[PDB]
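Trainee: In case you want the letters, here they are:
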Amino acid sequence: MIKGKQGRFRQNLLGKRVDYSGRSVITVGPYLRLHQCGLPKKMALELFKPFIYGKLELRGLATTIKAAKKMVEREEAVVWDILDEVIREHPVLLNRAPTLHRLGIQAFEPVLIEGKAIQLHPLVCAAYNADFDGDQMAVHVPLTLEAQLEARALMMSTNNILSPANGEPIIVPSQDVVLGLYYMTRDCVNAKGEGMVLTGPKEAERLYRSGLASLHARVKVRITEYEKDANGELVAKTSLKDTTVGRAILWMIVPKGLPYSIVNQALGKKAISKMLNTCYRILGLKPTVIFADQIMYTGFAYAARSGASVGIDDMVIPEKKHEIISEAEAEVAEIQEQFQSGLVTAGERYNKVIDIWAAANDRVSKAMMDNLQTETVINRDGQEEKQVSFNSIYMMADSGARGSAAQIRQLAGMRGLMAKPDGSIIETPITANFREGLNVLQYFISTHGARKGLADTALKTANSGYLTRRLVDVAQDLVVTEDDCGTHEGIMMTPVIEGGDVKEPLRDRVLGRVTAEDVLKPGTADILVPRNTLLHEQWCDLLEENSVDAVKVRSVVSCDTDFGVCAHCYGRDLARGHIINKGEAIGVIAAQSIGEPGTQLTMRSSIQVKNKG
Amino acid sequence: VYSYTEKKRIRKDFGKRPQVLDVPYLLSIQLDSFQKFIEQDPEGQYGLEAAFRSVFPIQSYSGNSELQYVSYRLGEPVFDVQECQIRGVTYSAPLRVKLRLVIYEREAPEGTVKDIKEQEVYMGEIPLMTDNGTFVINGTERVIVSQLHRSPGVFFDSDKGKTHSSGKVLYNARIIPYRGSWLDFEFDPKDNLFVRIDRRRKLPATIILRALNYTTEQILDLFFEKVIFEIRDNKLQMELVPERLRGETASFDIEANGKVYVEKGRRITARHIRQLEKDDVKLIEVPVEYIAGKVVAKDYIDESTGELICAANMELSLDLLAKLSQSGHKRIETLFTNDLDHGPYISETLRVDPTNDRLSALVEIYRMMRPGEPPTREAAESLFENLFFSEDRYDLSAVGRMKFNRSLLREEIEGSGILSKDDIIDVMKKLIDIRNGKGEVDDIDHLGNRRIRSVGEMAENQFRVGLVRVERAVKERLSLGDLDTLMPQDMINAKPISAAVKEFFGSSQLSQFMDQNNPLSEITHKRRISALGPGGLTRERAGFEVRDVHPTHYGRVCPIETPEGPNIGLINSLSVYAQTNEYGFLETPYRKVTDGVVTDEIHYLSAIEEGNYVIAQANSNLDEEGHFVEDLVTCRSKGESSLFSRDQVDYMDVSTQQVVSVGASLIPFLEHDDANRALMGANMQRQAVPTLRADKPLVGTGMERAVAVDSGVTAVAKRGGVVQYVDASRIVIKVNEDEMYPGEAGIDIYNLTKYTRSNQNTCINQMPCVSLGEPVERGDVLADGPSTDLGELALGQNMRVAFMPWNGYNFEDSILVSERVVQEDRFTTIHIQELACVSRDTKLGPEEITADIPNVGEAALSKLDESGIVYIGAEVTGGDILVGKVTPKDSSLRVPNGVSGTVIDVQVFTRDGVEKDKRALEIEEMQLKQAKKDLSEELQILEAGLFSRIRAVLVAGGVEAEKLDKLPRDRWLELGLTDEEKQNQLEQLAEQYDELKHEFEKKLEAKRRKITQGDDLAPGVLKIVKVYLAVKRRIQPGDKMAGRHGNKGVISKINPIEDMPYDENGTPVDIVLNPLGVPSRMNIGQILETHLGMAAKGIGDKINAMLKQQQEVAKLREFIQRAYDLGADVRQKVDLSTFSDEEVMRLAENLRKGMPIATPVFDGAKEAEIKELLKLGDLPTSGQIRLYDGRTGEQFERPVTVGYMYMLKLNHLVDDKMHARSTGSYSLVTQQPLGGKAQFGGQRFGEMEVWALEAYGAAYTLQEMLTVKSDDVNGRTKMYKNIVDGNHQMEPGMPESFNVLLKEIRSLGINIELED
RNA sequence: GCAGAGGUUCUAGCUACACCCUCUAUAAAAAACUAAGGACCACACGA
DNA sequence: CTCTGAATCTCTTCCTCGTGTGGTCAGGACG
DNA sequence: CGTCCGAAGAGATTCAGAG
Ligand SMILES: NCc1c[nH]c2nc(N)[nH]c(=O)c12
Ligand SMILES: [Mg+2]
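First to last, the sequence lines map onto chains A and B. If you're matching positions, the first sequence starts at 1 in my numbering and goes up one per residue. If you're matching positions, the second sequence starts at 10001 in my numbering and goes up one per residue.
It is possible that some hints are incorrect.
Using 25 Å as the maximum straight-line C-alpha spacing, the simulated DMTMM-like pairs for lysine to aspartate or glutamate come out as follows [said to hold, decoys possible]:
| id | chain 1 | residue 1 | chain 2 | residue 2 |
| --- | --- | --- | --- | --- |
| 1 | B | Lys10638 | B | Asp10159 |
| 2 | A | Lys70 | B | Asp11215 |
| 3 | A | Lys386 | B | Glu11197 |
| 4 | A | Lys366 | B | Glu10230 |
| 5 | B | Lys10259 | B | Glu10230 |
| 6 | B | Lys11237 | A | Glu73 |
| 7 | A | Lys612 | A | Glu504 |
| 8 | B | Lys11171 | B | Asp11101 |
| 9 | A | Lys460 | B | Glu10875 |
| 10 | A | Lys41 | B | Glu10248 |
| 11 | B | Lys10863 | A | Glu73 |
| 12 | A | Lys552 | A | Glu517 |
| 13 | B | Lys11217 | A | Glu75 |
In short, the hints are calculated from the structure, not lab data.
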C-alpha cells in the first residue's frame, strides 16, 4: 500500500482527486476568443454550485442555504442568471488527459454554451496536442482570489503564446486557417480583376465580396504600413505594391507595426509561425493575441468561402509511372537473370534490387511532383502560362496544413519499399498507390509495418511517460533563487557542424542566454557585447553581422548557487520573452519539455567541401 | 435465381472475381467446438466422455473396489434462454452421469466383482451454449473468446544477442506439455548444456540423463561417435574413416601402406579427401601427439587387476596411454569431436556434472524441486516419475504428440502422452544439432506453432480439473469407506465440479462480457482470438514479436482488425474464410491447381503445410478455363512474394476477402485506404449503436447478408412457407407441405423479441420485414434485427457528405451535421437502462417496498402506484422516485440524474416464501395471463395446422367432409372413417391432440407455476424490483460519429438547415467534413466511398423520379437493367426479364431511397466504373458538384466533393462522458472525490497535472487543489462556509492522506514524525 | 441550550466544525443558522 | 595465493487518465 | 450469544586464474 502507483504515495499523495472538477468531450467552437472557452450550461451549474449558493444568499433570493440547494435543483431562470455572474470572471483550468507539458493545463474564461460538450478555442488545440476524436478534458475551477489571480496571470492561454521548450509560438495555426490563408495568399497568372488598381485593402475586400475580383488575382494597390524603426513610435509609409487581392485583404488583419513583406509571401505554416513570432517580438502580447484571433477568424471564413475539397480527380497519377515501373521490373528481371547466371550473389542481388526499386520510387515521386505542383497551365491574356498548380491536395501538402510530401507520395505515387516487421526491406515494393486498388499481398506487406508502428507507438507512449516521470523526479528541486551569481565561468557556445552542413546555427543556440564574459569582435580589442547582457533578437542579429563564430556563455552548471540556479545563467524564460523571473521552477519546465517529444521520437574517405573557404 | 429478400432488394455487385466457396458459417468455430464438448462420443475422444474415461477408472487403493463411469446425459434446461436472461439465472443443463460401482472379492482383485451399483447421479450443471453461440451465466450473455496459446511440444529459441553480451547465440530447447511441468534444455556460454524444469534453477543436462538410468558410457554412445584407436608398433596407428577427416586441417602425415596421401601438418583439400575415399584404407597412421589430444568415451579396465585405466569422459594423458598399452587395450574407443560439426557440449557438461549415478541425480532433482526437504530414495523416485513419467501429472495432447513428432521428424503421428527416454534424448540431440547449425530454431510467432484453444477445449480442461478434485475426494472416501454401504451419489459431491465450471464460465480472463452493442460486434467478439488468459501471454510479458504479424497470418488471422490499446496484436480477429483444424491449428481454404487450371475443389491448408507449397495471388486473372491469363503470376512461396511460372503454382487463394476478418470485410474500398485507418474504422464499426431506423448501406461490401443471417439478431426461416400471420410481436409462417413433417407439423411460430436491455445498454428490437401472403423460402430472414435492413446489416445511416472546411467547425476531425438529421431522427438511438432496487433483511426490521415513505413530494408519489412501483410507461426525470423502498424505523431508488424516459417494463422478483405485494401480484398475474395467452395461442396455431391436415384426408374414407365439420373437426374420431393410407396418421393426430390438450394444460400449469413460485433470490434479499428505463438519446454536440473508413469525429455544432451548404438543385448537404484528414490519415477510400455513394444516390434519384410520376413498367425495368449490367465483367449479370412487374415495382420502391452497391474488399470497383455509374445518372462524372454557401448564398470556388458516405454514431455519447461535482461523497482515505462517473466523483488531478502546474508559477492553485479540494476534514468544510459567505479564503491545514501515510509507516515500525 | 429544558422548520438538527431562540419543569410561541458508507481484482473501450 | 574483473543470482519498473462491465472471506459448530 | 476453532537494467554474490 505504501509503494508504487498502486501505493498511496503515488496513488493519492502525489496525485489527489479534486472537487469542483469535471470531464466532457471537446468541441471546436471557433467563435470563441483565444482567452475564453466554451463551457456547458449544465456542467457549469454543478461546477460553480457553492459560488451560485453564495451569490443567491447575497442577492437574498435564497433566505437560507437549504433553500439555495433546492433552487439549484429547480434550475429556475434566476439560478441561471446567478451562474452567468459567477462564470463571468472565475477562470477554469482545462486539462488534457496526458499532461506531458505545462501547456496541457491552460485556464480560460468560461462562456455558457447550450451544448453538453466543453469547447476549446481552435488555436490552442494544437498546444494541447489534442484532437476532436472524442478527446476528453478535465475541467477544474480555481476557488480562491489567489487561485483566480494566479490563473488569470499565468494559467490563461493568452499568457503562454510561446512554448516553454522553444521560443516559438505554440499557438501556431494548425489545419484549416492555414489552408484558408494559403488559398488567400496565393497568386494566379490570370483571374478576374487582374491588373486593376485598388485604393486600399478595404477596397480589395469590397471587390472580393462583390465578386468582381477573385481572392488570388494580382493588383496594384497601395499599402499603408507603419514602421517601428523609431523606438515606440509608428512611422506611416504608403507605397504601391504589386500583390494579390487576398493578401491585401489579410493586411487589414495585420496590425500597423508589422511590415507588409511578411504577408506578401504564400503564407503557409512555417510562414505564419514566423509571422506570429515577429508580431510577438515587435508588438506587445495583447496585439499579438488580437492578431492571432483575427488570423483564425479570417482563415476559417476564407477557407469556407474557398471551398477546398479533396477528390479522386484531384489526385494526379503521373503518366510516366507505368513506364518507370515497367523499366524497374525489366531491371529486376535482368538482376534475376544475373543471379541465375551466377554473376551476382544472393545478397548482392538483393542489394541491387533494393537500389533499383529505390531509384524507381524516387523517379516516380519526382514525376508525380512535376505533374502535381506546377501542372496547371492557364491562359494569361495571351500565350498559356504554366503556374503553380491549385490542386487541393498539393495545396494541403505545400502549405503544411496537414500531411507532408511523403504522405502525398504514398497517396498518388507508388508507395515504395515497405520493410517487413523485423527491419529487413521486402524485395518487392508496393507499386500501387492508394488511389489505385492495392493488391492483397501489397496490403499485407503494408499492414506488417502498420502494426509494427502501432505497437511501437504504444511502447513509445509508455517509455515516454516513464522518462518524463524520471526527469521530473531528478530535476524537481530546481528553482531560480539568485538573480545573479556573477560566475565568470561558462560553457562555450558554437554552432554544431558535422561537415555536411551547419546542423544548429549559433543564433538559435545562444538566443536568450546571458554571456559568460565580454564578447569581443573578431577585430581584436573591440567589445561588441558586454560581459553580462541577455541576448534578445537584436543582440543575436548584431553578433551575426560581426560574424562572431564562438561565444562563451553562462550555463546552469556554471552558476555557484547552492540548491538553486543563477537567473542570469538560465537566461530567457523562453515563454515570455525576457530574463527568467526569480523563483520560477525551471527544473520541472525542462523535464516536461524534454519528455514531451518522446512520443514523436521513433523508438527504432574523401573530404568533400561544400563551398570555398 | 435469387432469394425473396434478394428479390425484394438486390445489391449491385461490382466484384469482378467469381467466388468458388461461399462464406462459411461465421460462428461455426464456437458452435462446433462446444458441440463436440457436449456431444456423446462413442470412441471417447474430444468430449466430456473422454474426460470421464480418463479420470474415472477409480480403482480404490487397497480397497479392492471400483467405480466406473458409464454414460452421461444432458438434462433439460430448467428455464429457456430468454427466461434465464429475465430471471438472472444461468442457462445450464444439469449433468446426469450414469455411474456403476462394483465391489470386488475380499482381497481378490483378480476375483470377479460380487455386486454392482449402477445409478445416475447429478454431477454439476454445465452452461449450455445458445443457438446464437453465447452463454447465459448470470442472466447476461457471455462469450468465451478462443485462446491462442503456444502449442504443446518442443520449441527451440535462439535467445541471441543480449545473452552473454558477446554475440554468441545460446540456443535453448523448451518442451511445453499441455498439462505438466515445462522441460527446458539451455546452452551455457561455456557450451555446457543445462536442464531447467518449471523455470526453476538451472541444472546440468547430464542429471536428467542419469535419471533415465543412462551410464556415462551410454551417454557418450548416444551423443557422440567413437573413433577406434589401435595399438601398433608404428606409433599406435589407428583405423579411421576418410569422411571424418573432411572439414579440418591435418596435424599429421596421412600414410597408409607406406604411401603418404597427405603429409605432416597439411590442410586437407577436397582432392585429398576424395583420394582418401578412393584408397579406401581402413588404418591411418597417427603419431603420439594427435592421439594425446583426445578424450576417452568409455572406461577401460586393465587385464591384470580389473581396475579402470581411464574413467569415462577423461582426457587421454600420455601416461594413461602408456598404462593402457602395458595393460594391452588394443582397441580404444574415444569420442570424436569436430569443432565445425561435432562439439563436445555433452562431454563438457559431464565434466561439470557432479552426479555420477542415477541415485545422486535423483537426490539433486529432489533437492532442487523441493528445497529444504530431506531427500529419500523412494521419495525422489516418485517425485521424478510424477514430474515427467506419470500420466496424471504430465500430459501431452494428441496435438502435442503430433507437433512433437513433426518437430523431431518422427514418422509416427502420435506416441504416448508421457515423455519417454528416447524422446528426451532426441530432443537433446536436436538441440545439439541446432548448436552445430544443423536445422533452425522454431519460430514462436509462426502461426503453425500457435494453436487455438476454443470454448470446448477450455471447458474440457476445467471439467478435468473438477474431475480430479472429485476424484481425490472419492478416492479418500472410498478407501476408508464401508464397502457396499454408500451409493455413488453419496460418494460423489457435485459442489466442487459444479464450482470449477461455474467459476471458469462466470469469471475468467477469456470469459468475457459479450458486447451486444452491434450485431457486427456480436459476430466479431464470438470469433475473436486473444492470446491472453491462463497458459497465455500477459500485457507486460508479451514483446514486440508476438504483437507483430507474421506473414503466416495470411488467410488465417485478419491483420487489419486488431484492437488499438495496450493489447495491440494480443487480441486478433479470425479471418472470414478460416476455420480451425481438428488439432486446433488454423487452416485456410485454398483451391487446388493441377497443372494450370484452378480446379474448383478446395483443400484446407495448415500453416506448416502452407510453407512448402506455393499459393497463387487472389487477384490472378483467369481465362474462364482455369488457366492463368498471365504467364507469370505473383505468388507467395515461403513468406516471400515473387513471380512464378503458371505451371509452378499449385494453389490459389479461394477469395480476395480471406485476408480480412468479418469486421474488416464490411469496410468498402478497404484496398484503397491505409492499414492504420482501416484498423481504426474496423474498430469503430463494432461500437456503432443501432439507430432508430435501420437504413441499408448505400455502399457496402456485400457480406452484410452473411453477417446478419449468421448473427442471432434476426430470425431466419427454418422451414420455407407462406406468412399466415405477421405482427410486431410475433410472426406466423405456415410451412409448405413438402417442408412439413408428416406428424404434428405445418406451422413455425417465431416470437420476436421486443425492446430488451442490451448488454451495452442499447435496445434489441426485432422488426418484421414481411407481411401476409408473402412467399418465404427456407433460410429467409422473417424479421430484421437491430441494425438490420431487409436482411442486410445496417449499422448506421447513409448520410449526405460534403468534403469542405466550413467556418472551422470541422477543425481537426470534427464533423458538422445539419439540423435536418436531428429533425428526421436519423441517428437517434434508444437506450435501455435497468435500475434495480433490492429490499433487504436489514437490522431493526426489513426495508419496506410499499409506498410508506414519508417526507416526499406528492408529484413523486403520483407517478408511483399504491404499492410504490412506477406505472408502466410513465415518463420520469433524473431525481424522481421510481419505487417505494423505506428505511426501517428514504431508501427508495430514484432515477440517476441526467437519466430520463418511459419505464418500458417492471420485473418485480419475489424470494420463495416472501408474499408478493399488490403491484407484484398484478405483475405476476399479467405474466400468468400473458403466458396463458401465448400457450393458448400456440395451442390454437397448432390446432389450425392439425385441423388443416386432418380435413385434407377426412374426405377420404367415404365420409362427407361436412358431417365431420358438424362434429368437432379435430374430434372426427367419434364418426367412423374407413381406413386409408393417411387414416392412421389422422387417428394418431386426433388421439395425440386429445392427449396434447391434457399435456398442454399441464404444460400451461407448469409454466404458470414457475411464474407463481417465488424466484430463487440472493440470500438476505426479500424482493428485487428491476425497473427498466428507456430513453431516446439523440444527436448531441460532442457525440462521436465515425465513418466506416475510420474518420472519427465529434459533432461540433447542430447547424441549422438553412446555414448548411446547398447545391444548385437546392438539396442541403447533411454532413460537412474536414478534407484535411484525407491526406495524412490516408483513408482515401472514404473519398471513393463518397463518390460511389453519390453515384448510387443518382441512380436512386432517377428511379424515384420515374416512380413519382406514372412511368411504364418497361421503361423503369430497362433503366434498372442498365444499372445492373454496367458492363465491366460484373459477376451478377442479373436479368430483370425474369422478375415480374410486381417484383420489379417492389424492387424499385426499395431502390427509391437508393441503389445499394456490393463493392468487395479487394476485387471492388475501379474508379472508371464509378465514373461510368455517375455518367449513368445526371451527375457529373468528375464527382465534383458546384456548391453554394447556405449563409451568404455565394458560390464556393473549386467545386466540392458531395456524396453519400455511410455514417455511424458511436456509443461514446456525450451523455455518458459528461460529469461534474462540486461536493460529494468521500472515501475512507478521505480523498473527497470518490472517482468515476457512476459514483458522484471528481477527476483525478494526477502526477502529470501536478507537474504541469508545478512548471507554471502555480503554487496557490496547486496548494488549494491538493489540500482544500481533496483531503481536509476541516478545510473542505471551512472553504464551503467561506464561499457561501462570499469570501474565498483557503485554510491550508494538512492533507488527510499524509496523516494516513504517517500512521501506516508508523505501523510498519518506522518512527516518522513532524518535528518543529 | 445564559445553565437546565423544549423548539418552528427546509432528511437529521445542544458539536459535525456547529449555531440561535424562547422558557422555569415541560412543552409551546418564532425568524436566522449545516454535508453522508465505497475496498480489491479481472475484462472491454475510449482517448 | 589472494584478490582481477567476470559470471551469477535476486530486486524493481515497465504512461495516463477517463468509461463501462462483471466477480470476491474467515471460519462451523458449540456449550 | 459470544466464542473458539519478457526485458532490461542494476546491485549483491560468488569466484577465480593469474601476475
Ligand atoms: N440544531 C438545533 C436545532 C434543532 N431544532 C431547532 N429548531 C430551531 N428553531 N432552531 C435550532 O437551532 C434548532
Ligand atoms: Mg485525440
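Trainee: Verify the proposed pairing of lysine 11171 of chain B with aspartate 11101 of chain B, using a straight-line Cα cut of 25 Å.
Mentor: 17 Å, holds
Trainee: Take a quick look at whether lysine 70 of chain A and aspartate 11215 of chain B sit within 25 Å of each other, Cα to Cα.
Mentor: 24 Å, holds
Trainee: Measure nothing beyond the straight line between the CA atoms of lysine 612 of chain A and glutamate 504 of chain A; if it is 25 Å or shorter, mark the hint as holding.
Mentor: Within the cut-off at roughly 20 Å; holds.
Trainee: Does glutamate 11197 of chain B lie within 25 Å of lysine 386 of chain A when you go C-alpha to C-alpha?
Mentor: 20 Å, holds
Trainee: When you check the alpha-carbon spacing of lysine 460 of chain A and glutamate 10875 of chain B, does it fall within 25 Å?
Mentor: Violated: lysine 460 of chain A and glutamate 10875 of chain B sit about 50 Å apart, past 25 Å.
Trainee: So if I understand the rule, the pair passes when the alpha-carbon distance is 25 Å or less; does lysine 366 of chain A with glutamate 10230 of chain B pass?
Mentor: 77 Å, violated
Trainee: Going straight from one Cα to the other, do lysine 552 of chain A and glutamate 517 of chain A come out at no more than 25 Å?
Mentor: 7 Å, holds
Trainee: Would the hint linking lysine 41 of chain A and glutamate 10248 of chain B be met if the CA-CA limit is 25 Å?
Mentor: Roughly 87 Å between the alpha carbons, so the hint for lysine 41 of chain A and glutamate 10248 of chain B is violated.
Trainee: Within a Cα-Cα threshold of 25 Å, do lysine 10638 of chain B and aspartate 10159 of chain B meet the stated pairing?
Mentor: Holds - the C-alpha atoms of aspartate 10159 of chain B and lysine 10638 of chain B are around 23 Å apart, at most 25 Å.
Trainee: Is the straight-line distance between the alpha-carbon of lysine 11217 of chain B and that of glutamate 75 of chain A 25 Å or less?
Mentor: 22 Å, holds
Trainee: So if I understand the rule, the pair passes when the alpha-carbon distance is 25 Å or less; does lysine 10863 of chain B with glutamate 73 of chain A pass?
Mentor: Roughly 19 Å separates the two Cα atoms, so the pair holds.
Trainee: Going straight from one Cα to the other, do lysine 11237 of chain B and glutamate 73 of chain A come out at no more than 25 Å?
Mentor: 19 Å, holds
Hint compliance for this structure: hints 4, 9 and 10 are broken, all remaining hints hold.
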